[PDB]
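Trainee: Here are the chains, one letter per residue:
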Amino acid sequence: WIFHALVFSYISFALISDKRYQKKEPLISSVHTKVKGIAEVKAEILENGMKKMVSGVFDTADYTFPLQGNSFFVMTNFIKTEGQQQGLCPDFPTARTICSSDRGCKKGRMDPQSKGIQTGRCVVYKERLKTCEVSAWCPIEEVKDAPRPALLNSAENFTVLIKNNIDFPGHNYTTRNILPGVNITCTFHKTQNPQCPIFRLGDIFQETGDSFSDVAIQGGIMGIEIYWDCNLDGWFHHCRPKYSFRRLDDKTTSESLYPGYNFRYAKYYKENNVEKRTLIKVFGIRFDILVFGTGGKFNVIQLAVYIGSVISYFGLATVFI
Amino acid sequence: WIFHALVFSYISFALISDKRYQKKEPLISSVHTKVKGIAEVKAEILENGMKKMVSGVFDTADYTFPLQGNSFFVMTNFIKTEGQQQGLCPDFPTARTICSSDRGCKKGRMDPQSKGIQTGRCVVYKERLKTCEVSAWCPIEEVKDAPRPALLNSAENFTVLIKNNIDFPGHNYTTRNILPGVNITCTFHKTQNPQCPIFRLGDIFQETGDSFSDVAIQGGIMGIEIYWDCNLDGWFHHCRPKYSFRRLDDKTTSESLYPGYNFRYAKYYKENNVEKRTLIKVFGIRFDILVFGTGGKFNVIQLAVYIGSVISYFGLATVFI
Amino acid sequence: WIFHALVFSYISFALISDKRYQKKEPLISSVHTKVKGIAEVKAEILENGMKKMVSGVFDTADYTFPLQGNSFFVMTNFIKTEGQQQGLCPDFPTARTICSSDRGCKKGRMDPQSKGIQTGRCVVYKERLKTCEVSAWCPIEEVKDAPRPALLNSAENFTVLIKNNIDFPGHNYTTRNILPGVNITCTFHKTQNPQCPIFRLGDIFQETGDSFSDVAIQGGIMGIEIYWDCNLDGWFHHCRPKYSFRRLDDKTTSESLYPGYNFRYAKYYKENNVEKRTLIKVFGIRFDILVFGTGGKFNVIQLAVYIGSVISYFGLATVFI
Ligand SMILES: O=C(C[C@]12C[C@H]3C[C@H](C[C@H](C3)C1)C2)Nc1cccc2nc(NCCNCCO)ccc12
Ligand SMILES: O=C(C[C@]12C[C@H]3C[C@H](C[C@H](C3)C1)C2)Nc1cccc2nc(NCCNCCO)ccc12
Ligand SMILES: O=C(C[C@]12C[C@H]3C[C@H](C[C@H](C3)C1)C2)Nc1cccc2nc(NCCNCCO)ccc12
Ligand SMILES: *[C@@H]1O[C@H](CO)[C@@H](O[C@@H]2O[C@H](CO)[C@@H](O)[C@H](O)[C@H]2NC(C)=O)[C@H](O)[C@H]1NC(C)=O
Ligand SMILES: *[C@@H]1O[C@H](CO)[C@@H](O[C@@H]2O[C@H](CO)[C@@H](O)[C@H](O)[C@H]2NC(C)=O)[C@H](O)[C@H]1NC(C)=O
Ligand SMILES: *[C@@H]1O[C@H](CO)[C@@H](O[C@@H]2O[C@H](CO)[C@@H](O)[C@H](O)[C@H]2NC(C)=O)[C@H](O)[C@H]1NC(C)=O
Ligand SMILES: *[C@@H]1O[C@H](CO)[C@@H](O)[C@H](O)[C@H]1NC(C)=O
Ligand SMILES: *[C@@H]1O[C@H](CO)[C@@H](O)[C@H](O)[C@H]1NC(C)=O
Ligand SMILES: *[C@@H]1O[C@H](CO)[C@@H](O)[C@H](O)[C@H]1NC(C)=O
Ligand SMILES: *[C@@H]1O[C@H](CO)[C@@H](O)[C@H](O)[C@H]1NC(C)=O
Ligand SMILES: *[C@@H]1O[C@H](CO)[C@@H](O)[C@H](O)[C@H]1NC(C)=O
Ligand SMILES: *[C@@H]1O[C@H](CO)[C@@H](O)[C@H](O)[C@H]1NC(C)=O
Numbered sequence: 005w006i007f008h009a010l011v012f013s014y015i016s017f018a019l020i021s022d023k024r025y026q027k028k029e030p031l032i033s034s035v036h037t038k039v040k041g042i043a044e045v046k047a048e049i050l051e052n053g054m055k056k057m058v059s060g061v062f063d064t065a066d067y068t069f070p071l072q073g074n075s076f077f078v079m080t081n082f083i084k085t086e087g088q089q090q091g092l093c094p095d096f097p098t099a100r101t102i103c104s105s106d107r108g109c110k111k112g113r114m115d116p117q118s119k120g121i122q123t124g125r126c127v128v129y130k131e132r133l134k135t136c137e138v139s140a141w142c143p144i145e146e147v148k149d150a151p152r153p154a155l156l157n158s159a160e161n162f163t164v165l166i167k168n169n170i171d172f173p174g175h176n177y178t179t180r181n182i183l184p185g186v187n188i189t190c191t192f193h194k195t196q197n198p199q200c201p202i203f204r205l206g207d208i209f210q211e212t213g214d215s216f217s218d219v220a221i222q223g224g225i226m227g228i229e230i231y232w233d234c235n236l237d238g239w240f241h242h243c244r245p246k247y248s249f250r251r252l253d254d255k256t257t258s259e260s261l262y263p264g265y266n267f268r269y270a271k272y273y274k275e276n277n278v279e280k281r282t283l284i285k286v287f288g289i290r291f292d293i294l295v296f297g298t299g300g301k302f303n304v305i306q307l308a309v310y311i312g313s314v315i316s317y318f319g320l321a322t323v324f325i
Numbered sequence: 005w006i007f008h009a010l011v012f013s014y015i016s017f018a019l020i021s022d023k024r025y026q027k028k029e030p031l032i033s034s035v036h037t038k039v040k041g042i043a044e045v046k047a048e049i050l051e052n053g054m055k056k057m058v059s060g061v062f063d064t065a066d067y068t069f070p071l072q073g074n075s076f077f078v079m080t081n082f083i084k085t086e087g088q089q090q091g092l093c094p095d096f097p098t099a100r101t102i103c104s105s106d107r108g109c110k111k112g113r114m115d116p117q118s119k120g121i122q123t124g125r126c127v128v129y130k131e132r133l134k135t136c137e138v139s140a141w142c143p144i145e146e147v148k149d150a151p152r153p154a155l156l157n158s159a160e161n162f163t164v165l166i167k168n169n170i171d172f173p174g175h176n177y178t179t180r181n182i183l184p185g186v187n188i189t190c191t192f193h194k195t196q197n198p199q200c201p202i203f204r205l206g207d208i209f210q211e212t213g214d215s216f217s218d219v220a221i222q223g224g225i226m227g228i229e230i231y232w233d234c235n236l237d238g239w240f241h242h243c244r245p246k247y248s249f250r251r252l253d254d255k256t257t258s259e260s261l262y263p264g265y266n267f268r269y270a271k272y273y274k275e276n277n278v279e280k281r282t283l284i285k286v287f288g289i290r291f292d293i294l295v296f297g298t299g300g301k302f303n304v305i306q307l308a309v310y311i312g313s314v315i316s317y318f319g320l321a322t323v324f325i
Numbered sequence: 005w006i007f008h009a010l011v012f013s014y015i016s017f018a019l020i021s022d023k024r025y026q027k028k029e030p031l032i033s034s035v036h037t038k039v040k041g042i043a044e045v046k047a048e049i050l051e052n053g054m055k056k057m058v059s060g061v062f063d064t065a066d067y068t069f070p071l072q073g074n075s076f077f078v079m080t081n082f083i084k085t086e087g088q089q090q091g092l093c094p095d096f097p098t099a100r101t102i103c104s105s106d107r108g109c110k111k112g113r114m115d116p117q118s119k120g121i122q123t124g125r126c127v128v129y130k131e132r133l134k135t136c137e138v139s140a141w142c143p144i145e146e147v148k149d150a151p152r153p154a155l156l157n158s159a160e161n162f163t164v165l166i167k168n169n170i171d172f173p174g175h176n177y178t179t180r181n182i183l184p185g186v187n188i189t190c191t192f193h194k195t196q197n198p199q200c201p202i203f204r205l206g207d208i209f210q211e212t213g214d215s216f217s218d219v220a221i222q223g224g225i226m227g228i229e230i231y232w233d234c235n236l237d238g239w240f241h242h243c244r245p246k247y248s249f250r251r252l253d254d255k256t257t258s259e260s261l262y263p264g265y266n267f268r269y270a271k272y273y274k275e276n277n278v279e280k281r282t283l284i285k286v287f288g289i290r291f292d293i294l295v296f297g298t299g300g301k302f303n304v305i306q307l308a309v310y311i312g313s314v315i316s317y318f319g320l321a322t323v324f325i
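Chains as they are written, first to last, in our numbering: chain F, 5 to 325; chain U, 5 to 325; chain A, 5 to 325.
Among the clues, some could well be false.
[Claimed, not checked] Pairs of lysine-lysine, DSSO-like flavour, derived with a Cα cap of 30 Å:
id: 1; chain 1: F; residue 1: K38; chain 2: A; residue 2: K110
id: 2; chain 1: F; residue 1: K38; chain 2: U; residue 2: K271
id: 3; chain 1: A; residue 1: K27; chain 2: F; residue 2: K38
id: 4; chain 1: A; residue 1: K111; chain 2: F; residue 2: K56
id: 5; chain 1: U; residue 1: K274; chain 2: A; residue 2: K274
id: 6; chain 1: F; residue 1: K111; chain 2: U; residue 2: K46
id: 7; chain 1: F; residue 1: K46; chain 2: F; residue 2: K111
id: 8; chain 1: A; residue 1: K246; chain 2: F; residue 2: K55
id: 9; chain 1: F; residue 1: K23; chain 2: F; residue 2: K271
id: 10; chain 1: U; residue 1: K271; chain 2: A; residue 2: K84
id: 11; chain 1: F; residue 1: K56; chain 2: F; residue 2: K167
id: 12; chain 1: U; residue 1: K271; chain 2: A; residue 2: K111
id: 13; chain 1: F; residue 1: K167; chain 2: A; residue 2: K301
id: 14; chain 1: F; residue 1: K271; chain 2: A; residue 2: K38
id: 15; chain 1: U; residue 1: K27; chain 2: A; residue 2: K111
id: 16; chain 1: U; residue 1: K167; chain 2: F; residue 2: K111
id: 17; chain 1: A; residue 1: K301; chain 2: A; residue 2: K148
id: 18; chain 1: A; residue 1: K84; chain 2: U; residue 2: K167
Simulated from the structure, these hints should not be mistaken for lab results.
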């Protein structure tokens, strides 16, 4: 009957369109990115109630490190606390660190917010305000918001160049993201330059619809996705990437969940024969490059299995009517 | 017959239970962990036969660096050799470095255990013991065991917070390890808090049944596994992680296989207009976060293929009896 | 007929050979590599038209850092620019930086090749040659080729030891690259020692057919592949790795595509109460360890599905003749 040529046709259609005849191999990627662009910074930051002038120019080595583990990071803001040395000092005044008397402090106590071990003594921090005394690197860094203008706010104007090599082992097929002979001088655009590997970070943040400056103040984790729908047949060959952009960070905005991206970097030195340390809280956006792909190539055994599940249907449609 | 409704029922059962109707997509994860906790260290370490007092407090910046490549490391013990400068010095006495005369040493020789190039001269190291003379950073670090108490033995009391975002692209489904609104203040427990992302390192080492201190002396590689069995149907929806713990390091305990986790960190400075270097052998536990998942969502073509292989069986069971 | 026992036999053959009866699970790997070997460097490098003598010995800490993200790097060449401080200086003379008059320079201009922000002034750089004045770390590094002999040319003689642990979760099977009791003292050979994990970098570069020195001058990205075809049956059990070597870098050799592997490392210090910086351009080869595997174990449901697509064929071959 007609419903049978229609069943055959629906099966074969699902084969040809859903690519059931092809064998699919997982993709293998290695990433090499180079960042370009510099930022000039003139800003006034308050340290310990005293105005200080942070000025200067930041180049590649000043704000970034080469990617490792398919992810690179760019510092967009920072807080610097200098001159720390091992000693005893009162903790920074917080809801949990203020003491009325020595009875309020407990010797040897450790608190998740604090950075030192208490000595069980109540001492003044400033004027008549009293905090608990601790043993740590002194003085203790301020509990302060990241500067209201992100010191490296120019970070949206930076340029990231992404090189991606992909290899399918089952089919012995190697290709790279940048095809030979292309005009390298371009800026990636969703339509105008969908294969251009030159990305602007601000463009990236507009794609996902999040403001760059806001994330740049306190940090975040952004992700770049590279898709490969690759066909290794010849009768319909195609194998290029599709760039998409997703914001990965949670954006909880709760003190308990350590929001944004930041980490503590330590630089050690010696003055007057004393072990000393400058502590730098680093704020920035970490970019994670995720590359995924599927390689299809005509396989005879798969066609055999597919018509295998197809023929039983083909006659069952006869038993049905 | 009855065996036929039983064959139909066994096939359909394997479908409903082994989830044959669903399409399975691979999981995509990015990891962001924050470490919390500090350690106070008072210990006596022998350098060159002289007792020295290692004291002080170690905070986040002092023992760890932000994770990259889905793995973070925590230093648990260390050996420090200070004041090195380019020069000529006798190698540290070993089974392979002791020399009776200049004939025993070979100029320009390189040995896997040694850290310098020999000059072919036999010279005294201490008293009448003689070793081969080498060209390297001097003095050469001691061949010494890591301190019998791990200097940062408090490391089991530390807290690691793990944030995991997972995304299935074929189904356009994004979720994160921490569901919104949960009580963040908890410590992970195999039963009491199986979804709590706050982990204690000592608890981790008890799960895999290995003592934390022993690994902390000379280092090791520990691994955290995060499973996602995710169902994107609705008729039986569920998609949460299962935390499991495996000890990854080999634990060979053979000098040839460089057991444990350690690496050589170099800090450079200048004194009296001389290039100089302090070398620090770092011992610690590296934690590797491995995240895997499968996303199932009802697929009509798969049901078609499955009943496709099912019907042939269904009649063959008739031909059999 | 005979063509039918032949169809049955072809189907069952494809089953037994293409391993259709087995269930395949993806492999999970963590990598731990230790690098061994040192290099002695005596070379004459020209800085600012003045000959300078770079001598000294480089050990593990001097040229490498422990791997993170399944990739380790080894510096093979370097360029060092010392004494930089924040200030105003003329840019290094280039095709884009030479100025005839102040009209040629534009204040506040930024150029991808330059490392500073222009001040719109034309000033002399050397003799009567004039470049545009910029605001940056001064002096600006030379536009110079990497030293004609790679300073760390000895890098091909280095030894990398690779430890790989693989685990299949669906089958609960854990194994490691190094089986217990093997003779560790060996050098990997394609035939003589195909399971030896001790690799020589020069051997690696000969496998892929690229000269080590050439890549060592300006850097590159090399990749080590570890295959696991693992059978968890018993009736034909086998599960060991196959080491293969592929050169991953593009080798474009175009200034626009930033060829080779290099990055900018910054070291900060203070002299006469002035913020200062030494900038080091690092050239080296990054090795990316890619591990892939498939674990097969006899599965009854898969045999059921396979004969499911098989029987329909088995009778259709009867309808055909
Ligand atoms: O610490 C770094 C290097 C990196 C940055 C990220 C994070 C971490 C790994 C990697 C990526 C390298 C450290 N950069 C800096 C941080 C904070 C302040 C800095 N100030 C500078 N000079 C300005 C002086 N003004 C006087 C002028 O009159 C220069 C560099 C700075
Ligand atoms: O080197 C580091 C930083 C890290 C540690 C790991 C490994 C590596 C990358 C990243 C993670 C940062 C280096 N920390 C240290 C190592 C060894 C000794 C140290 N001693 C310290 N002061 C004690 C002085 N006592 C005098 C008191 O009277 C402070 C820090 C120390
Ligand atoms: O900077 C590093 C450390 C690493 C190297 C790579 C890249 C980066 C991360 C990690 C891997 C550590 C930095 N090493 C060096 C670089 C350049 C020059 C050096 N010169 C040295 N002394 C020679 C003096 N001659 C006077 C004798 O009369 C010693 C070390 C040097
Ligand atoms: C990134 O660069 C753009 C242009 O290069 C900056 O936009 C310019 O802003 C200045 C004032 O600061 C204006 O005089 C220009 O006319 C603007 N140009 C354009 C094309 O709009 C932008 O400010 C830079 N980003 C940051 C954070 O400074
Ligand atoms: C980790 O912390 C626990 C408790 O916070 C420590 O156990 C305590 O040990 C001290 C003596 O050192 C005792 O006075 C306490 O009563 C103990 N408390 C508990 C709850 O057992 C433990 O010693 C710490 N780990 C390390 C390595 O110091
Ligand atoms: C790597 O090591 C080999 C041997 O260890 C070096 O080859 C030697 O070169 C010297 C001269 O430089 C000769 O005297 C030896 O006879 C050579 N030995 C062999 C076995 O050929 C090689 O030069 C080293 N690589 C580099 C870059 O120096
Ligand atoms: C992959 O294909 C190329 C085609 O030129 C061939 O030269 C190469 O040997 C193949 N590799 C393998 C492992 O078969
Ligand atoms: C690349 O395209 C731009 C226009 O977008 C053009 O100005 C430039 O000359 C092109 N490059 C080459 C090498 O043709
Ligand atoms: C994914 O689903 C959400 C549901 O609200 C939708 O808004 C979004 O556009 C979808 N994404 C794609 C790529 O279809
Ligand atoms: C979380 O649970 C603890 C008890 O385990 C409780 O004391 C605490 O108040 C809870 N947090 C919130 C916000 O309810
Ligand atoms: C894996 O197999 C071993 C075999 O001895 C067994 O001890 C272990 O409990 C198994 N693990 C799981 C999760 O079943
Ligand atoms: C390993 O093999 C070498 C020969 O290639 C031999 O000299 C050495 O003794 C062997 N090691 C052991 C422990 O037998």
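Trainee: Decide, hint by hint, whether the structure agrees.
Mentor: Hints versus structure:
1. For the hint pairing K38 of chain F with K110 of chain A, the CA-to-CA distance comes to about 27 Å; that is within 30 Å, so the pair holds.
2. The straight-line distance between the Cα atoms of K38 of chain F and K271 of chain U is roughly 26 Å, inside the 30 Å bound, and the hint therefore holds.
3. The straight-line distance between the Cα atoms of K27 of chain A and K38 of chain F is roughly 42 Å, outside the 30 Å bound, and the hint therefore fails.
4. Note on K111 of chain A and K56 of chain F: the hinted pairing holds, with a Cα-Cα distance of about 27 Å set against a maximum of 30 Å.
5. The suggested pairing of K274 of chain U with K274 of chain A holds, with an alpha-carbon distance near 12 Å, which does not exceed 30 Å.
6. The hinted pair formed by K111 of chain F and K46 of chain U meets the criterion: a straight-line CA distance of about 17 Å does not exceed 30 Å.
7. As the CA atoms of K46 of chain F and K111 of chain F are separated by approximately 43 Å, the hinted pair breaks the 30 Å bound.
8. The straight-line distance between the Cα atoms of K246 of chain A and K55 of chain F is roughly 62 Å, outside the 30 Å bound, and the hint therefore fails.
9. The suggested pairing of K23 of chain F with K271 of chain F is violated, with an alpha-carbon distance near 56 Å, which exceeds 30 Å.
10. For the hint pairing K271 of chain U with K84 of chain A, the CA-to-CA distance comes to about 16 Å; that is within 30 Å, so the pair holds.
11. Only pairs whose Cα atoms come within 30 Å are accepted, and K56 of chain F paired with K167 of chain F is rejected, the gap being roughly 41 Å.
12. Note on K271 of chain U and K111 of chain A: the hinted pairing is violated, with a Cα-Cα distance of about 39 Å set against a maximum of 30 Å.
13. With a C-alpha separation of about 38 Å, the suggested pair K167 of chain F and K301 of chain A falls outside the 30 Å cut-off, and the hint is violated.
14. Between the alpha carbons of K271 of chain F and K38 of chain A the distance comes to roughly 26 Å, so the proposed pair stays at or under 30 Å and holds.
15. In summary, the hint linking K27 of chain U to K111 of chain A is not supported, as the alpha carbons are separated by about 59 Å, beyond the 30 Å threshold.
16. Proposed proximity of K167 of chain U and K111 of chain F is contradicted: the alpha carbons are some 33 Å apart, above 30 Å.
17. Distance hint between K301 of chain A and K148 of chain A is unfulfilled; the C-alpha atoms sit about 58 Å from each other, more than 30 Å.
18. The straight-line distance between the Cα atoms of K84 of chain A and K167 of chain U is roughly 40 Å, outside the 30 Å bound, and the hint therefore fails.
Going through the hint list in order, the structure does not satisfy hints 3, 7, 8, 9, 11, 12, 13, 15, 16, 17, 18.
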